[PDB]
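Coming up: chain A.
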Amino acid sequence: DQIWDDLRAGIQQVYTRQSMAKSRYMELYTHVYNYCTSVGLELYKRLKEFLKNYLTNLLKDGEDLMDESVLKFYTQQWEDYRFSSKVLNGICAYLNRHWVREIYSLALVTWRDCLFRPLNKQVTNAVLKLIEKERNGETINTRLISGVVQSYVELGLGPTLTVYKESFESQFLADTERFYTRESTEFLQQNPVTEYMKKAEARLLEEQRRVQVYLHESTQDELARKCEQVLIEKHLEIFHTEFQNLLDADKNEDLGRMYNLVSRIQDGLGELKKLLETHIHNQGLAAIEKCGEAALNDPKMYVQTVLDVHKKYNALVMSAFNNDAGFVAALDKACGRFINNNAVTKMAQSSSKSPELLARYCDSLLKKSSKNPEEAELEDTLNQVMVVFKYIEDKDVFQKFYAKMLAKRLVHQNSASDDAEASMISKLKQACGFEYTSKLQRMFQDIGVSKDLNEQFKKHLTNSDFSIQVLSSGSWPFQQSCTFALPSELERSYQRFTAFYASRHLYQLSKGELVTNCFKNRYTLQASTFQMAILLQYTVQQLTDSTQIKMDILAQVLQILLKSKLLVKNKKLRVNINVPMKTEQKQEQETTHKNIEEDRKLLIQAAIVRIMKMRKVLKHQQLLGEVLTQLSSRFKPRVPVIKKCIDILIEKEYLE
Partner candidate 1 sequence: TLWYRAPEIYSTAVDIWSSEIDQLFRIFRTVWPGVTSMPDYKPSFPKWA
Partner candidate 2 sequence: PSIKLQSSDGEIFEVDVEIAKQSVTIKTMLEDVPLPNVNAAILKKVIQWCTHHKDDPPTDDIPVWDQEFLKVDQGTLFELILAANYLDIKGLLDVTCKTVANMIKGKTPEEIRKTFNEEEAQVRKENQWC
Partner candidate 3 sequence: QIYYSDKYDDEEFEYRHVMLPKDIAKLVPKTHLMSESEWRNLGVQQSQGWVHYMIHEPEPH
């Protein structure tokens, strides 16, 4: 029936922000009941026309508003209109229930009319101007923008973001690109690059806060991602150029900030690793060159500088770079490259000097002779030496030198604190192979055996600088003794050689007692007692004839004796004059290097014979690879040596 003149005033009043009395409301809803009594598909069109007319009138009311005045119109009206639509929903909820082939949906679609109306452009411009002012620093309330965002999101068929996207997202992002691109250029032109990273981080945090503050979360990713394009990726070249600049000078905090800023992008960390390795290598070589010749003959200085640079870069990578596996791998590779072969090695025409000097540095460090013993700090130095030794490609030289040096040290009573030595040997056993420990533990046990045996001679003397150390010479790295009969003054002591060691079933070390009466004043000097032994005889040339020792070593003894004042006195009785011969050091070093080379040659021969024990006959392409992968732990061989060994084995009729 024609009772349409009652819903009119109802919606007109509900269109206002003032509430409506519930008592009289039955006059409206019940009237809708009359419509569906005694369908029709006629009311939808009439209500659509009414909504269109009301919305057109509302648009005409405030058409001219803009420049923050429109923004107070759309938002102001939408709250009231949404409340009115929600209230009216229940009026025709009956139809909405029984009409499915939508009143709130119709209201939203009609709202789309004013949305796509001239209001769209000016409203979007005002919103973007508000964002721009917020970026500048001026504070503005964010309630109205939240209302506008809710307006843009709600429209649709988070049900659908198509209209919201097409109407706000593209233009917001475009404004962002132009703003950031415009500002970054002259900011970098005038302001320093060091604080650019901090400003970028602060800006990114500001956007990441704004998005939840007064924006839909659906744009969480895109807004961030493209904002990396304008800020970070587009300016990657200047960042790369300045990485070296601000890495040369300690800026570790800036290093961490830069790493955090640049890690967001895809494949951004890779390039900086190259520069890191290059700079580490260059700085290491520069430091080694600055050390120069002094580094070659002074292991302490060279190893100290190497450990200092290693510690500095290790701390830097562990702190700034958050302990990334790629970064530590790059550091390890650079350390290997610039510590295996460097300037100091070039003077020795060999790459084995760097590992060799480490053994001498260790021996000097843990020696109790120089000034004094150090505890609670020597352990850290030993651990750092272990760390730096982990890199060494040629580990055979270190072990070979250390075995001989430890044997020489432990033959005499000279030894540092037992705790540090025990820790060092335990660490070496844990890190190195069994074969070396099987040899070192033999010395460790045999010295205790000798210590226990020492009392036997004293007790035998009682029953019937004096401690005869006895240990089997078969397995230790030493050499034979010279031919020189002991004089009468010392003959009686060794005449009682029989003991458990001998009764049950070497001497080339000049030791003796200091009792001389030839000179007017007596002295007490422990030294190489070859001169002391010769003194028992007494011309200058007469001494050699009676002793008839081999001319080479005897002449060397004479020269070293003449170096002193004994033959042609000191401040105190504490005098040693026990300087080791210079030539013997170089001769022994050359001999041990030759022995190591021979041992490696024999090892590679045995290794090829063993690997072919499982391979009947095969090619050469995989032979070298299998050889290297089976011997990578120790010093790696050289191709010509392998070829010569293979030729010799072929001559041996082993393979084909």
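Going forward, a residue touches a chain if its C-beta (ideal position, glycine included) is under 8 Å from a C-beta of that chain, and two chains touch if they have at least 3 such contacts; residues count from 1.
How were these candidates chosen? In short, all candidates are chains of the complex that A comes from, given by their letters.
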Consider chain A on its own, then decide which of 1, 2 or 3 touches it in this complex.
2
For chain A, which residues are in contact with candidate 2 within the complex?
22-23, 25-26, 29-30, 33, 83, 86-87, 89-91, 93
